[PDB]
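One chain comes next, on its own, written out as C-alpha cells in the form solved without 3-(4-methoxyphenyl)benzoic acid (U4J).
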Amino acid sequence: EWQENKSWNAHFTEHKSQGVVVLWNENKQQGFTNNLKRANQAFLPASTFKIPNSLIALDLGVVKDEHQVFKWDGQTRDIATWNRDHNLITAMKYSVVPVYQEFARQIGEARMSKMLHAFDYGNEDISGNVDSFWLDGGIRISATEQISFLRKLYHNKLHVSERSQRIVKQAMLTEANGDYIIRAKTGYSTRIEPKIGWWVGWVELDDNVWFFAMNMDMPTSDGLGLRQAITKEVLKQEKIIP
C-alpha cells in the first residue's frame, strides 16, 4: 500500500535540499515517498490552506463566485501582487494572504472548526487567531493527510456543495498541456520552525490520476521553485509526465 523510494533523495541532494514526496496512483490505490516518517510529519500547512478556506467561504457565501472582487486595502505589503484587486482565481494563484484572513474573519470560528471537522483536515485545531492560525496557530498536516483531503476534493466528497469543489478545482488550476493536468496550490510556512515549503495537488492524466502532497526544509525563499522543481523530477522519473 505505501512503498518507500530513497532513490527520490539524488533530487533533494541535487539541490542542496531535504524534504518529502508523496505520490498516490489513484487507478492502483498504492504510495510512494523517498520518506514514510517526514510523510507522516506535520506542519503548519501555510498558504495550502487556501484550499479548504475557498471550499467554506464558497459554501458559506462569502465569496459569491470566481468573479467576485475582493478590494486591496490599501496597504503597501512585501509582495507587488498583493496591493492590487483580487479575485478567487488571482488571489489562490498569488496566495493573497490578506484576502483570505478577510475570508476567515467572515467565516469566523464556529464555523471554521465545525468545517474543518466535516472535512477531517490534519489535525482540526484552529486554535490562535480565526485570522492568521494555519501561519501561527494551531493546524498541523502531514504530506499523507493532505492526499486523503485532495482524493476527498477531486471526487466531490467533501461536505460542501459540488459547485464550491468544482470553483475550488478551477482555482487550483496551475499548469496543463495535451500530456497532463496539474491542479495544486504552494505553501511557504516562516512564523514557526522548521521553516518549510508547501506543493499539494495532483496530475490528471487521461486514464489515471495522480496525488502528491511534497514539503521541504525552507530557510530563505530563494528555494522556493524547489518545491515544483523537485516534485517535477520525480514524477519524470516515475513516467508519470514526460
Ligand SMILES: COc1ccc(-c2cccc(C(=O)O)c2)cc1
Given for the second form:
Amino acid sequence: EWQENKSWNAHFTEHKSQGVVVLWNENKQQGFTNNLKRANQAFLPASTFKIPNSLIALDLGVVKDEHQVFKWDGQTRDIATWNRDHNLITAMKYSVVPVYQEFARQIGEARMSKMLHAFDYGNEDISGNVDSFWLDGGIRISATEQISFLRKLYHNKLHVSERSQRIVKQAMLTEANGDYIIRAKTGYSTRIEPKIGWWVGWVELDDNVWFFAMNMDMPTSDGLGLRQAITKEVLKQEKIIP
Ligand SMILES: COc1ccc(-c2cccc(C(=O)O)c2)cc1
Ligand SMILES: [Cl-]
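We have the form solved without 3-(4-methoxyphenyl)benzoic acid (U4J); now please give the form deposited with 3-(4-methoxyphenyl)benzoic acid (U4J) bound.
What follows is the entire complex, opening with the chain shown before.
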C-alpha cells in the first residue's frame, strides 16, 4: 500500500538539499515516497493553508465569490504583487498573505478551530494569532496528511458546500495543457525553524489522478523554484508526465 523509492533522493541531493515527495495513485490506492518517515513529519503549512482558509471564508460568506475585489490596504510590502487589489484567484496565485490574514480575522478563532477539526486538518491546533497561526503558531501538518485532505477536496467530501470546494479547486489551477492539469498550492515557511518549502496538490490525467505533497529544506529563497522542479522530475521519472 505504501512503497519507498530511495532513488528519488538523488533529485534532492543534486541540489544539496533534503526533502520528501509523496505521491498517491488514486486509481490503485497506492502511495509512493522517497522517505516514509519524513512523509509523515508534521510542519507548519504556511501558505498551503490558503486552501482550507479559502474554503472556510467562502462557506461562511466572508468571500462571496472568486470575483470579489479585496482592495490593497495601502501598506507597501516587500512583495510587489501584494501591493495591489486582488480577488480569490489572484490572491492564491500570488500567495497574498495580508488578504488571507483579513479573511482569518473575519472568520475568527472559534469558527476557524471548528472548521479545522471538521476537516481533520493536521493537528487541528490554531494556537497563536488568529491571523498568523499557519505561519508561526501551533498548527502542524504532514505531507501524507496534506494528501488525505486534498483527496477529500477533490471528491467534494469536505464538510463545506460543493460550491465552496469547486471555487477553491478553480483557484488552485496552476498549469494545464494537452497532457495534464495541475491544481496545487505552494508554501514557504520562514518564521520558525526549520525553514521549508511546500508544494501540494494533484495532477489530473485522462484516466487517473496523482495526488502529491512535497516539502524540502529551504535555507534561502533562491531555491523556491525547486519545489515544483523536483516534483516534476519525480513525476517525469515515474512516467506520470512527459
Ligand atoms: C525571503 O522572504 C520571502 C517572503 C515571501 C516570498 C514569497 C511571496 C509570495 C510568493 C512566493 C512564492 O512562493 O512564489 C514567495 C518569498 C521570500
Ligand atoms: Cl477550473
